[PDB]
Amino acid sequence: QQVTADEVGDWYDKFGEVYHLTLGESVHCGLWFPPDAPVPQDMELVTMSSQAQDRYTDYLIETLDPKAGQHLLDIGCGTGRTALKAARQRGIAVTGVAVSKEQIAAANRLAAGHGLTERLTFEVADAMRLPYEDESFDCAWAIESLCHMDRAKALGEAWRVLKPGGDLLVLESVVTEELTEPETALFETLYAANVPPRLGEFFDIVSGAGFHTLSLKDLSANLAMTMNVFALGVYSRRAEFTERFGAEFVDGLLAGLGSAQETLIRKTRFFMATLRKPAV
Amino acid sequence: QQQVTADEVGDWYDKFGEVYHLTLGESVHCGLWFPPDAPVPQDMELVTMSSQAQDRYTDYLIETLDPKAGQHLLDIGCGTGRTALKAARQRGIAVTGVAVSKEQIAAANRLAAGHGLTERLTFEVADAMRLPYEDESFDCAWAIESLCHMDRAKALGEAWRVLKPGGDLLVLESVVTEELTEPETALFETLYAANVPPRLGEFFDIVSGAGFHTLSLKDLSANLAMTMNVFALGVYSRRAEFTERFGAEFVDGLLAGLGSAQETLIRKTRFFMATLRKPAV
Amino acid sequence: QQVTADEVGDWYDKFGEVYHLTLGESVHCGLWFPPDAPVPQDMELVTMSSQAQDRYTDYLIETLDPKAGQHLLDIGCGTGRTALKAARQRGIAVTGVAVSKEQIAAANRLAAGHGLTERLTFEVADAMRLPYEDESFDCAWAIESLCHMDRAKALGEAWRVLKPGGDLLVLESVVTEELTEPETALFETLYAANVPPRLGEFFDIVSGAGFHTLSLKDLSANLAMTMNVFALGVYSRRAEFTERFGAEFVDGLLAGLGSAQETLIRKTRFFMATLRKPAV
Amino acid sequence: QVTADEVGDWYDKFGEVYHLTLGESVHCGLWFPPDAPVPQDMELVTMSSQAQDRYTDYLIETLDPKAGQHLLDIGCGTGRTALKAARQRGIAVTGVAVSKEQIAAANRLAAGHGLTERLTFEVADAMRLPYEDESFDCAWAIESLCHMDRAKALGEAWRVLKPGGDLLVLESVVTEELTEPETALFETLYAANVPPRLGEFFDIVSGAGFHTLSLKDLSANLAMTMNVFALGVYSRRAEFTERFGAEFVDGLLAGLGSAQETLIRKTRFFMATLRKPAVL
Amino acid sequence: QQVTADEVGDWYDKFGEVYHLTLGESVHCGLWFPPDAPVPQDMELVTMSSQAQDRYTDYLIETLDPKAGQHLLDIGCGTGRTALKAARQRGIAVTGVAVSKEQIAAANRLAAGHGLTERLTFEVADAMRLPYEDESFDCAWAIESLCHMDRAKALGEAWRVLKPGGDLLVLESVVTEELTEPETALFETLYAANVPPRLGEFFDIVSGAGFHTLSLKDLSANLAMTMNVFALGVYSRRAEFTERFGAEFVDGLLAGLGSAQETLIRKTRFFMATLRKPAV
Amino acid sequence: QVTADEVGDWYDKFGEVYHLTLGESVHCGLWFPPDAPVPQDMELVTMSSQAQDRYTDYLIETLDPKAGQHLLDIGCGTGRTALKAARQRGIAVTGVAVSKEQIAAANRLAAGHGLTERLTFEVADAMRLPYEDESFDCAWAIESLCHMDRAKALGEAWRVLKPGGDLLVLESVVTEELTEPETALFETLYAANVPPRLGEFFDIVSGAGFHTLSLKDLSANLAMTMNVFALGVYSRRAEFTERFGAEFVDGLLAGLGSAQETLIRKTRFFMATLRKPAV
Ligand SMILES: Nc1ncnc2c1ncn2[C@@H]1O[C@H](CSCC[C@H](N)C(=O)O)[C@@H](O)[C@H]1O
Ligand SMILES: Nc1ncnc2c1ncn2[C@@H]1O[C@H](CSCC[C@H](N)C(=O)O)[C@@H](O)[C@H]1O
Ligand SMILES: Nc1ncnc2c1ncn2[C@@H]1O[C@H](CSCC[C@H](N)C(=O)O)[C@@H](O)[C@H]1O
Ligand SMILES: Nc1ncnc2c1ncn2[C@@H]1O[C@H](CSCC[C@H](N)C(=O)O)[C@@H](O)[C@H]1O
Ligand SMILES: Nc1ncnc2c1ncn2[C@@H]1O[C@H](CSCC[C@H](N)C(=O)O)[C@@H](O)[C@H]1O
Ligand SMILES: Nc1ncnc2c1ncn2[C@@H]1O[C@H](CSCC[C@H](N)C(=O)O)[C@@H](O)[C@H]1O
Ligand SMILES: Nc1ncnc2c1ncn2[C@@H]1O[C@H](CSCC[C@H](N)C(=O)O)[C@@H](O)[C@H]1O
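Residue numbers (PDB author numbering), protein chains in the order written: chain B, 10 to 289; chain A, 9 to 289; chain D, 10 to 289; chain C, 11 to 290; chain F, 10 to 289; chain E, 11 to 289.
Everything labelled a hint here was simulated from the structure, so no lab data went into it.
Every residue gets a Cβ at the ideal spot worked out from N, C-alpha and C, and that includes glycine.
There are no misleading hints in this set.
Using 20 Å as the maximum straight-line C-alpha spacing, the simulated DMTMM-like pairs for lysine to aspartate or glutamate come out as follows: (1) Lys162/E <-> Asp15/F; (2) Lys76/D <-> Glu127/D; (3) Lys110/C <-> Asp22/D; (4) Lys226/A <-> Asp45/B; (5) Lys76/F <-> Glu127/F; (6) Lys226/C <-> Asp74/C; (7) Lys76/E <-> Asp63/A; (8) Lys94/E <-> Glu34/F; (9) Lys76/C <-> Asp63/E; (10) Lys172/A <-> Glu144/A; (11) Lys226/D <-> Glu71/A; (12) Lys23/A <-> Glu249/B; (13) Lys94/E <-> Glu132/E; (14) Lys226/F <-> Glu71/C; (15) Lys23/C <-> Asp260/D; (16) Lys110/A <-> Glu16/B; (17) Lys172/C <-> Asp147/C; (18) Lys276/B <-> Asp51/A; (19) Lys76/B <-> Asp67/F; (20) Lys162/F <-> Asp15/E; (21) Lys226/E <-> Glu71/B.
Simulated DEER-style distance windows between Cβ atoms: (22) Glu271/E <-> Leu30/B: 56 to 62 Å; (23) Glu142/E <-> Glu132/C: 53 to 59 Å; (24) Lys172/A <-> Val55/C: 18 to 24 Å; (25) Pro44/B <-> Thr251/C: 47 to 53 Å.
Listing some non-contacts, in silico: residues in chain B with all C-beta distances to chain F over 10 Å: (26) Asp19; (27) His80; (28) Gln98; (29) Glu111; (30) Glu132; (31) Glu142; (32) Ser145; (33) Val204; (34) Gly217.
Turn these sequences into a full structure, and let the hints steer you where they fit.
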């Protein structure tokens, strides 16, 4: 009762277009979560983004399709949640590798907390020199990790440890326009990452590593939305993040995220690709 | 080639790998914000991607209400008409949309003429709390994020009156789970030109008091929390553009109130899609 | 070979409308079972109805979606089949409570029969005074049992034994009219159950207990068909049920089911609702 | 209101009446799929009508007529099946029945939906169709062949069908052999012939020149539909005697029980697809 | 760049129609594998047909739907792969019978190499005189094996060893025409098989064995395509097959396969049928 | 007619012929999905045409043309893919090919179905399209790029598309370098160029200005089509020699086997969706 019909009509007459400039060609919510998705535990931006992460993991599991009793290699495994879900859902063994000591200890704490230390094995190891014998894994994935490594070496190592006829799922960025030097330096100073290759350049490395390309699917909008969620979280929580990671790290993000966002929007693409080590 | 080494990368995640966990969730990868069968957008602008999520949202509402070809739907609080346009093309129905903004109704008429659907799309400035239409004129209706501007009892009783017996009204409404402080109630008027949402039982007493049966309810709170996150980020990152467009008083009010409004939304409100039936016979 | 075209035509001229008064706007069978359903073992009414009960249970399992390893509380568990199928399909532990000694015994013999006594516990314990500690179960459901209890005390007690962030599945009736006194009495004399509240009154009790409401779906026609199945079996098997339960009980049903069915059709609705205990 | 003790003692004595009538659980059956709409009302005839329509939707899906084809409805009844097929697939339908009442009711359906040029209903004999050879792209006989001489009707349908078109048939068959009272109950209740055996029926289909492409048992649907019909006739004996006479209704009340057991134990009901072969 | 537009245009002007005579009404690939099928390990004709065989098996498992803990009888089990896939997918036990000592040895070999000798039993036995007790198996299938047997005997024996209420999935051919004597001889001289019965004759046998017919689905195009796959491999590998099987057996195939394909196309149909042993 | 022992001895001696030809089982392959309709004939060209039609349905679903749009069929053949797309999506389709017999047969097809206002077929070269810039909403090149210069065709498709339009490509690629006789077979048998490498093909795509949105391997479909084709020629040599002369048929009979092996071991076939970026 605190507003009248005339006041609401005037509000939309004056400001209604602010919804079209921010939300699109309608004046209502986006369906950001599919109808079948469960209600999150809370509406915090990190919790909702976490559920979109798990649905992303489920889709990768579905795309690669690991079979029960197989052994998968998580190349650049993070803190292990991707491995935990694949193991739980498919009844597989998973081995993960990362060059971060804290990440691997957290992944081992994860497997210990769920009672899966037998099927989950997390070791500090470099993907450009894997400590595993040839043809050890039925399949493997590199989920947003190749950008930190030399792609030709890591792809060769993945080819070596795969059994012939197995598949490697990659989640990799690619440039569509040539980057300026400020943009290439943002890749290192923001994420400790390398600049992505061209699409043809990437598939020459894939082919030169001995792989066949079975599929590619663009997931660029998901990266753009994810990058927006990251940007909003850093802006709204600068004080919290400065007290944790330091003023120099946070201020680097606040000053760089805007530029890197526009570079991502205009010059790069992000895709999921299935790579097969041929049989015979 | 190769701007970093494995050791530099390993140190980076030891020190900063948690700012991904603090913002993106329990993993360190992207979210599946767009379903795999969705088309790749024309652009990666935040407004372009949100617009596509708006249309899939609209497709879900059309799917839920399920209007049949040759029916007439009343769009209560129709905005600028894109929801009505999509329903008309996909299902072969007529739509009549009402809104209290002369500007919005004008844009919806341009939309219908630009698409050649002026016969099946009618848009009119009119109040949902006093609809000019006759009794039992429409087969179905929806009020998509518009009851919050209204006296819900009047609007629901009026929607009931113009629905034929047996027809359904699709409602997308907010509700409070707490009590709301007085500053929180004022932000609804000063930011959104809206009334405070009612309590759940209070809301469905109003639904029952208007003569509706409740056939379904589905929580969509996450979609509203994400949408408000997309709105806030657009306002924060484009303050200069919006002040030159709408004036500093309007934009500064948003920059000052969006934070508290988001927390109140997250911790005190819930947002759902409900299907109400006007009983038959 | 037995009738002529003229005889058949005169038959539908005289009586064709008995199919429309009873079966609907067509003159053919209803699709009462989905095409992907198995051909039952018998065509007996209780057999067909039982398969519909299992498909009903499958839909609840799919709706509540219990995850493997969780512990579920069955409020008003009956003879335990619902708990058994949920435990078999999802790999969960179930604890069911009921005020009937004969049911709880049949439920324990059902768990022993299927070798699941380690994961199926059935006890005689009141829903309005549950004996379990706080935050004991990850999820729960009350499948057509709140109508016997005080709905404020059971819900508040289910909220108490639930872990924060857990889901409670409720299958409850609700009045749309006011109910006359002979209608309210039929609830106790036929079903030994209270009268259902109003929808707004129900969700005040749901909110007053501390629950959020995540979903509601109408299932009124399922309850209407089930009640018709029940009545048709009572009318056609009067001599057996009188010999089984006594003539007083059977005659009570034969005299009230017709009126109870009209009250159900005209004055009540039946829904499935997903209530949540908020997280921390 | 009731107490917990009163409820528990109630189920201790009468809890098993639910297991004798509803099945191995104590809750509703899922008689309507979750995606189906809420009916306009919970009257038995209104619910059964929705099951009839979903049945019709399934036949359309099974036969799969193409937009621009012409379907022949052998035994069209009051025409709703033809109407739903015409609106959903954009086809012309022609329906024949030996009842003047039914064709008048079907003609009002044709005009009432602004079709008339695509919906045609005539009084004709299926055993002597008036149409020319190779007239229809497809046809169906939905529960109508039991009133006919099957070889004559099937040969006639084969004549009017274009080469390569399909005939959907919804027919019953005996698995026992039927006593003479059971055979007579067929004529006196529903002016129809006794069903043939399975092999006998397909010998008749063979001799007419069809190829059998599919068969699917729908016996449980017929069983439930007959229970719905019996509950309606029984619970509404006064209204039906006043509209159809006492002799007709008394004949149903005395024969529906024996017809139902004979249906359950000695008959089966299916949907079959019959192809008139294309040109060699 | 080694061809020009005029040369490509002339080529299709002269030779374009050879694609329409061999491939169909278009000039592009056939969708022989569903888009969700995995990319095969290699593109050898035998490998691709093997993937098609496995998807065929997955369909029979879905159709028969054996439940975890049941015992399935494979009547004419070949070298075991179908049994192995059913045991792995449905957690069942399989007993296979064949009249070839080599195939049973290969099936026991296959069971040992997969560690499933406790759940897979393969034996040399005659389907027309099975050595198993009555009501020993919950379900069974005869996958393209009845053609070698006296169908009434095999079906009667299959009914005997089935528990009541269990199902038997049959993959059988049937003649739609009458076969000339040279055609009937090719059934013996090529495949050591009997001539298929008619459709009514087959179901007279099925009913005589005591089976109800629950479903039937045509699969004639699959068999027809499989035979084309078989003939092409024989033609294109005449020297290999003569060296391994002798010139007499290969010359018989090379002289009869063409006529066999024509008789198959014009005179027979191949279907999948579900047969139920009635419960009591 | 046969006894149990006769059948057992038969499989003891010859059962392995089924494993060498059909796979690791002794039964039929599910070549048609269960929901597919029973064909009119069991003739090979019949069943293969249904497989071609289901192929077209998949391409329609993948490109997803919307009603009212205008589609360019690059290398349209005799036009059945265009016909089905127009009837199913209510679109206009313009199709070009360098064959006069094919374009004539496509206009006949369009005329016979009463879709001459929505189906336009012209004789033209895809490497020099006669249409204006930004004239089509979408486009596809269904197994036609192997006849052309892929750089010229792709650059010319990019020119005629509107910004934001999508081009569906069905193209082959070598995974190993071909010998000189293998390269020669592409011209003698099919009048086609040798496929490029995967990375080489996508430098051409990026060079024409396209973003790559998807890729899906379809190599088994091509190998099966090439087997269905070869079996058609082998089994109907006398017919095709009367139809196309002995010189044409003898070449196919002498080259299909080698061509099949090169296909199996050195090439892959895929469907790819390329977008002309929006502004
Ligand atoms: N050279 C290298 N060898 C092994 N792991 C590496 C690596 N360079 C980076 N990584 C790892 O790759 C990961 C990228 S963050 C991605 C984490 C995880 N794949 C997820 O989806 O959540 C980090 O955990 C980092 O430790
Ligand atoms: N051009 C730009 N692009 C992105 N962010 C910008 C920007 N200009 C300013 N900003 C920053 O975006 C920030 C939004 S944070 C504002 C809300 C509040 N801090 C909260 O916790 O929710 C502002 O503090 C502003 O400094
Ligand atoms: N009292 C009232 N009567 C009719 N319309 C009203 C109203 N109060 C607000 N509205 C309208 O309700 C709309 C809410 S914004 C929602 C717009 C539209 N439903 C969409 O999906 O995009 C605005 O157009 C506003 O003008
Ligand atoms: N010999 C005959 N020739 C044509 N129609 C006949 C017939 N004998 C009976 N019928 C018609 O077949 C119908 C069977 S009742 C089935 C009606 C309709 N197919 C439906 O599904 O609702 C009756 O309406 C009757 O009039
Ligand atoms: N006050 C109470 N506390 C706990 N259980 C109760 C109760 N009152 C009744 N019940 C139980 O609730 C059950 C309702 S019948 C429902 C049975 C079961 N939930 C099923 O779905 O099949 C009865 O078995 C009864 O024993
Ligand atoms: N009389 C008989 N009793 C048992 N098996 C028989 C038989 N006559 C033939 N067979 C077997 O039936 C099989 C037919 S080949 C089919 C093999 C298997 N069913 C598969 O799907 O691959 C052969 O293995 C043959 O040995
Ligand atoms: N340079 C060129 N420009 C345009 N079309 C060409 C061409 N070179 C070959 N073609 C055409 O490309 C087609 C390849 S066969 C593919 C036909 C069609 N896409 C279908 O799926 O049925 C032939 O019709 C041929 O005429």
